[PDB]
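Below you will find the structure I want to go over with you.
All protein chains but one are shown in place.
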Amino acid sequence: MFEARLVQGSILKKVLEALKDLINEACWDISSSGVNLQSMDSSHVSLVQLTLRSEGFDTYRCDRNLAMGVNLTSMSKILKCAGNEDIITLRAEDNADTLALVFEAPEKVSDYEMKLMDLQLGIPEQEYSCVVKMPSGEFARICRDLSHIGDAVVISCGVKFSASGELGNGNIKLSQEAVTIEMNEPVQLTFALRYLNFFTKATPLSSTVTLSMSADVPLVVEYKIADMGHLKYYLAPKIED
Amino acid sequence: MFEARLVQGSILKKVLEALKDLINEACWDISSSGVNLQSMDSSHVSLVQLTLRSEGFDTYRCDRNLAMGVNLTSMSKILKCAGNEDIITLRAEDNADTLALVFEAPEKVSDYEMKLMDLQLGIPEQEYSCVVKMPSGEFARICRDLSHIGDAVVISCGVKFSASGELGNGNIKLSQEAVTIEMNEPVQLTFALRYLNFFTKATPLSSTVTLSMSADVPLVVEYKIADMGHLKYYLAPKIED
Amino acid sequence: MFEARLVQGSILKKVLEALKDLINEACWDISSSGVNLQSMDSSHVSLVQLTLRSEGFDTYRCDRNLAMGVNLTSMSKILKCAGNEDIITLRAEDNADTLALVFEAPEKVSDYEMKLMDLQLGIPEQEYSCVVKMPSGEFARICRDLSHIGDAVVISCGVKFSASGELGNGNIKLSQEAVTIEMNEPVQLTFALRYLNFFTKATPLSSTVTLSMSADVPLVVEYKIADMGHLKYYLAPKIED
Amino acid sequence: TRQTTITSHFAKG
Amino acid sequence: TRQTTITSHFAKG
Partner (left out) sequence: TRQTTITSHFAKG
């Protein structure tokens, strides 16, 4: 039996808005240490790593670990029925065919049962040649804007974001609310803006975002969820033919 | 000759916003006592009853009763040409092929002639086992939320709204801005959320909404139009096969 | 070599938002006196005349006149990547295959190169029998409203805008923030609302708009761009068969 | 469960 | 009523 009460249920609302359009079905690893979600997207180009530490919940209990296969769209739909200030409680038992979601308004209480589905990839250890901390809104605007110019963004790390298409090209240069760059080596990587634009759906989760880069490895776009943990996106690069 | 001046023309704008997507052509019963509109929806599952008392108008005159066949879409379109603070005057003559709508801004005067069309159901007397008064916004959110869960809502009367679909199920429980319940009998009725979602288009007309229920009779969703009167929707239930 | 710095870059954003949906490819006449653009719309019923005087720019330099063929949609896309308070600099060389757009935020600098294309009509001298100055928002509301009523507006000049369709007809009467009429003769002209509705996309450029009319000549809808100059639309009339 | 017509509940007197 | 082309009103040099 697992039960996690979250008073800022908005976090869970934002999290699923951040995932629903990138992953169809994902397994939620619930353990005493907290809730874990790790899933490739349906395009097999990215890896999402969500961690909500048990501490971040206001009550959290997990007698035995549980792996809930979840349709993320259906869960998003259910969470769209939660008031933006409701107290959300998650509730599962062992061998559960259903995840219980309870939304308490701060005289309305909503009880949802979501049918669970039946149930891979390891994150290597990586030192990152370049780590960029910047406002999340600024990063979303960059990947939105450059998507009018082309499908691919060349990230050069001062960090430069460059795209080109038929109509021309564009270069966006940021240097050091804040933008901070820890650079152990200059790196230049190419990524599909379509997926970065999915990643920036997590922008409501945090004021800032961190981009971790190194030559010929996936990009890490990390959104910290204040107190609870983080939402990590790894994006396979485009490589020259 | 009929002439009704209304200074809060927004009321008429909101009224037609509520009806345009549920009734194609409806007859407006104009009499000395006021304006009456009663019409089934196009699906033949509901009955709309609109009452604007003559008192609610700032000037009202109707020498002889008049039944104006009105295309409700064309009429909202015309009312979309009224500023939200315009003073709307309705003007018809006997044997009118046209309804005159005059929008006075508070140095712009708009004069619209709407072509009229050429031209059923009696409301029984009913005591309702259960009557629920609640905020209209809360009720609209309930029927919006549950429509992500299923097509049908089980209204059980504390009042509980329950839906089920493939993705799972949900139960929404309200007890006693305010929510009030006068319950002479426990009732459980099933209704199509699609039509309740049409009804909640009347939400701008009133802060609150009243749901009147009784076993095996149509549900009444009533929106009172402060001073002027009311907008009543009757919804035939779904019954078990 | 041409270079024009604009601190109120929003103006150029608004300008292209006003033109993108009316002209596909247009030639920007860059001269020492400023930027000139004159172009028929794609329907061949209207003529757009844009003038940004060099004075309106904060720095402006054009050694030799230059005619840049521009895809207005691609330029629109590029200008949507400018912050609404960015400092926009235009930069071209002689024989340029590219127009440079530099967006400076008030630590983000965006550099766009727009591929130029390789790409006629004279405005006659006209005294206008009737000239109407009115708020731009009111004029846009008029042409929006009447397009729910019909495809054509008869402008009678007190100025009256009247449309008719299947559902009925409408007359909108304005007389003398402000509305002013200089009438040397009464005029009644008919125009396609579809094109007037394109013209009102320029409404953010100015709080007021001027309509200049004369019998059997194109209507002039002028939006002055404070300090910089103006955006003029000429609309060929509809004539009776 | 099946939707019923409003006319199967209300009449025309 | 029929829409006319702008070129039927305005000319070239």
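As written, the chain order gives the labels A, B, C, D and E, with residue 1 at the start of each chain.
The rule is short, and it goes like this: a residue touches a chain if its C-beta (ideal position, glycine included) is under 8 Å from a C-beta of that chain, and two chains touch if they have at least 3 such contacts.
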Checklist entry - Which of these, A:10, A:36 or A:46, touches the one chain of the complex that we don't see? => result A:46
Checklist entry - Of A:5, A:80, A:173 or A:238, which sits in contact with the chain we cannot see? => result A:238
Item to check | Positions on subunit A contacted by the hidden chain, ascending | outcome: 40, 44-47, 120-124, 152, 190, 192, 217-218, 234-241
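Following the convention adopted for this analysis, only the chains that are shown with their structure count from here on.
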Item to check | For subunit A paired with subunit C, centre-to-centre distance based on mean C-alpha positions, whole Å | outcome: 43
Item to check | Distance from subunit D to subunit C - Cα centre to Cα centre, in angstrom | outcome: 57
Checklist outcome for this item: Rounded to the nearest Å, the gap between Cα centres of subunit C and subunit E is 19
Next on the checklist: Following the definition at the start, I'd like every touching pair of chains, please.
Outcome noted: A-B, A-C, B-C, B-D, C-E
